[PDB]
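Mind looking over this structure? Questions follow.
Removed from the display is one protein chain of the complex; every other protein chain stays in position.
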Amino acid sequence: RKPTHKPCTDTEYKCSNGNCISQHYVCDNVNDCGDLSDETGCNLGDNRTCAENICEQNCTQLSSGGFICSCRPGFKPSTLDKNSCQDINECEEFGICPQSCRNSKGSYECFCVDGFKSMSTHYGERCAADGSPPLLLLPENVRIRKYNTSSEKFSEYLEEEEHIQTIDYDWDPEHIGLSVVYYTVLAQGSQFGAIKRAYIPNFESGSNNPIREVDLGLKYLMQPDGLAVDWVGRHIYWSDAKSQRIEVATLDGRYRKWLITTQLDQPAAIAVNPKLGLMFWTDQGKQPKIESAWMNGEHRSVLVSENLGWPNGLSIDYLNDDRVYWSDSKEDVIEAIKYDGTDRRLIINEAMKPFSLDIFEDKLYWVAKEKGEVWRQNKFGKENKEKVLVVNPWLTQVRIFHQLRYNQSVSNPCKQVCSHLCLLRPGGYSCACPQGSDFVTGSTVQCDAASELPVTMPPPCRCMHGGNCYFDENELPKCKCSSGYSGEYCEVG
Amino acid sequence: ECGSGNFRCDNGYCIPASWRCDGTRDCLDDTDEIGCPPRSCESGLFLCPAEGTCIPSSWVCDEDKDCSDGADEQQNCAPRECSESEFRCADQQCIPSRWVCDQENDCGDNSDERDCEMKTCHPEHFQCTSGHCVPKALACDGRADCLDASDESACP
Amino acid sequence: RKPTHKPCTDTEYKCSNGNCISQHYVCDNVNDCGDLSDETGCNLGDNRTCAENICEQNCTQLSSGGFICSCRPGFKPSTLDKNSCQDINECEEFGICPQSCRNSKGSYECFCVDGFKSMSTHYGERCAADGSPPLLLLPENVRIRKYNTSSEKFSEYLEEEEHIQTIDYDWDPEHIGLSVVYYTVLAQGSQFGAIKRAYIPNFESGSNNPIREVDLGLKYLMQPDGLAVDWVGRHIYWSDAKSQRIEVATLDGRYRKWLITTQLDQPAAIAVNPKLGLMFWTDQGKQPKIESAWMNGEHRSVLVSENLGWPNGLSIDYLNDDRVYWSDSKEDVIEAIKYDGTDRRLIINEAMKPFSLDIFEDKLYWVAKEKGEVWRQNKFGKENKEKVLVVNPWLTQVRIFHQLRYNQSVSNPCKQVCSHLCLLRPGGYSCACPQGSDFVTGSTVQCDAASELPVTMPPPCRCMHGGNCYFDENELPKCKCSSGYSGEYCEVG
Partner (left out) sequence: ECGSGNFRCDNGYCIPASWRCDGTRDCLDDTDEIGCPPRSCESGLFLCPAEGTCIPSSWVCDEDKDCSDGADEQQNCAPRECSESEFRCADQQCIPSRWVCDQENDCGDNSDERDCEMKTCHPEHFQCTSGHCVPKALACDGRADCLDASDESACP
């Protein structure tokens, strides 16, 4: 904070950083400015004058050697035709703007994209969520818990379960105001696990809406350490650690196809980016690595494999250049790399062994595994860590439940041509059919495996402002509306 | 060959002409999007290929990085190891391959019974509709050796 | 269930168990009844007749040998003057009556003591709690949770704490309707733990009454694995595992005195029985044992030391002959012994490593440690186990929060004569003074250590049927009464 301090007079060269050095020291071939900004240009000669219009900007006549010119603030020496200066593209700096950056001549704007109202805040400006405050999804081995970040209160949700694992959700597929979350069940004793799905209300209701669990039928499954839902392609990607493979199936569990089965030691949590048509996953075996590939499964490549411990949680910052973040529970650090793998930088260290991470707004969320705590920090590595809540050591993940985290206006490129599955890929799509089947000879669309009807989900309980759900003789849900509200679902009153 | 209104990709699969230059790689060889003129902008302005936004003739050839790619200044202005035949259970233990889903938990945690639907039974074993592997002598005998009873169903 | 089945005629001797054996087999010196009940008396002779009135009851004339007499049902051969039978004292049988037993001639009554209404139940009769349904106190390392057994719902209680351990409570000391619980804090890093106490409402209020924690000032304390509160003597007994001692102090933490400091490897949870003036504690070190002593500390003795694994939780059945139960987390069994140490019998096995136990009504409660579950079973070893709830692995104890568990009408024998402490003992009391001090010479009451004033507890929040507590300018609590209720504490409306 400085209006103006320690001004430099005519005798003192102002430099580019306020280095108040005497004029005789300018262009003496010795750097006093600390960045050679006092040796700028260094085109010298006594018979020359500044009036000739040699330099583009800040042309001053030195006492000796003629004219010596510098750059306007926000500009740098061009290293060619040194009497000229070009604009610094400040948008390339990491963490200079919260959401978006536009370049100007020595200036920039921290605009933020649609769906984000600019909100001046403390120690910098951010952009709000333009909707209901985000929720947190906390899976314990027996139950799933919700947490309103702004209201700061829990709510009864899925209970009476066993061995819960990673969580992912699909925002309101039927637009009836109910999103669906997907949770995996570990295999205990001699019984296989499963991938189950259930509804969750986007509104404030809870503790009175009996959630009914339904299995997808994906039998012969042991340890789904990682799961991700492609909302564009309507496919669910999960990685079985014991089966040493990462595979794909439709949202209702049909047409199971193995996607990647080679060179996988222990596939950890995965992620998908339908906008770029790129899937990401982590391996935490004897050779830790972070790999990305197309949703089809082609062009598999390794992003980072150096200075990696136990990469066990990975998430993508969709709204910031599709940047990729991951959590290392062994090195105790959280790092970020661009989706192509360049510009690696650690974001936060001494993270106390983060297990899972999820990015929302200008802040990063991660779980201290052994401490059972959820921690919050600026997602660009600045500031200091903040604690959120303390929960059981059974906690396995933190996941933000909001719609802006998954851009819902990403159109699916599929033209309905595909018979069974239509996987995504950069700039387009592709056809595929279940495992143990092949295309009809001569065609790359039809496959010989017989089609299967989509699975029907039972009706959900929907009492928004209050009331209790109830099962009638045919078990359709019905709400007993509270005071001051009416309707089939107690909406208006 | 196909109709006049269907554009043909290199592999022989031909697609409707409306899908050409539609922004999506419709066919596998992605030739349906190559050889298409990029979107143009009015005179006095240029559009950055990586951004799709028009910028004026002043912003290009300004000796600095105006477009995101910045090519304008030079493109416009110019655990013991198991054997090969040993089946690996979940607990890293190695077991003989004869235990592969004989409908009885051998590896523990029913690892041997895992997903033997895609894999095929060996010639010495009979494959029934559940995918479980049973000896060929245990088919068409009046007793359901397979728990799905497909052994007694695939009989004359 | 039998009105009468397989009746025995005159020729068939009915026996004491329905052994329909022929009359010629009676008193043939070979047991056909299975208990020699067919050889009863065996006073034989043909010239003798039953009319002589030789036997007291059931005198019958055998076809040969004269008269042969048996015992009335509910009576046994006396083994002396065999023609006579005495009454079986059925009250000595374990688990024959739920709460109390009175003996009669071949009969008994399962009466239950004051404060227990007889309630016929399924598979046997029990006696109710004559009050609000019992609560459960579940200490997690960060928070304490409550659970209404009948309402089956949680309630917000003490939170924002660290390293909680064993729990004990004192029922409504001031009779203002607020009981006080005592919780110990483990020592973390290089900071000592403490013994803190706080209020808890006996009524249904919760989630809106800010509970204020206060430390007792018992500094220099590391690991209080066990704690018990003597409601009669107004003293608190705790056992420090690291300090290898079990000591006593008054309820407000004054006049600390070491009680037992010798031959203690790892003192586990303890218990006190003011009615008998006997303290009980368990050692889970290299030599497991269950020891009892007077509250004074004299007459220390070992109750059981054989077939013991890790005795880590102990509780006393006050209402049933002051019987003692304990939980063994290594042998995986829960056993019961009389307070003098005879009649040892395992109650339930395959208990899945119980950690703490607490007895209430006709049922026994224990915590499956690694499973984090609370389990319920008949306290007399019959029936089959029942599960209650599933909670975090941070669970450390289950404790029933009810007044009938601690008989409040046990008068303190102390005559206020004692200067600092008045410990209890069988049939009376005793005098003592803090550690590092001794009695004034010639007297066994006064001690030289200067007295200290009792500690003042801050006022609590009291809003029964509803409302929110609030702190005024002098921080006195005040409730904002809900609709349809009025009063300073919203009692009547």
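Labels for the chains are A, B and C, by order of writing; each one numbers its residues from 1.
By our rule, contacts are C-beta pairs under 8 Å (C-beta built on N, C-alpha and C of every residue); 3 or more make two chains touch, one makes a residue touch a chain.
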_For the chain that was dropped from the view, give me its touching partners among the shown chains._
C
*Quick one: which of C:196, C:425 or C:462 touches the chain that's been left out?*
C:425
*Out of C:124, C:341 or C:413, which touches the unshown chain?*
C:413
*Where the complex has a chain not shown, which of C:84, C:148, C:403 or C:407 is the residue touching it?*
C:84
*Hidden partner chain, touching residue among C:9, C:120 or C:191*: C:191
_Contact footprint on subunit C, counting only the chain that is left out_ = 78, 84, 86-87, 89, 103, 187, 189-192, 220, 222-223, 242-243, 258, 413, 415, 425-430, 435-436, 443-445
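By definition in this document, only the chains that are shown with their structure count from here on.
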*Roughly how far is subunit B from subunit C, going centre to centre by Cα mean, in whole Å?*
65
*asked:* Counting only Cα atoms for the centres, state how far subunit A is from subunit C in Å.
replied: 56
_For subunit C, residues that touch 2 or more chains besides their own_ = none
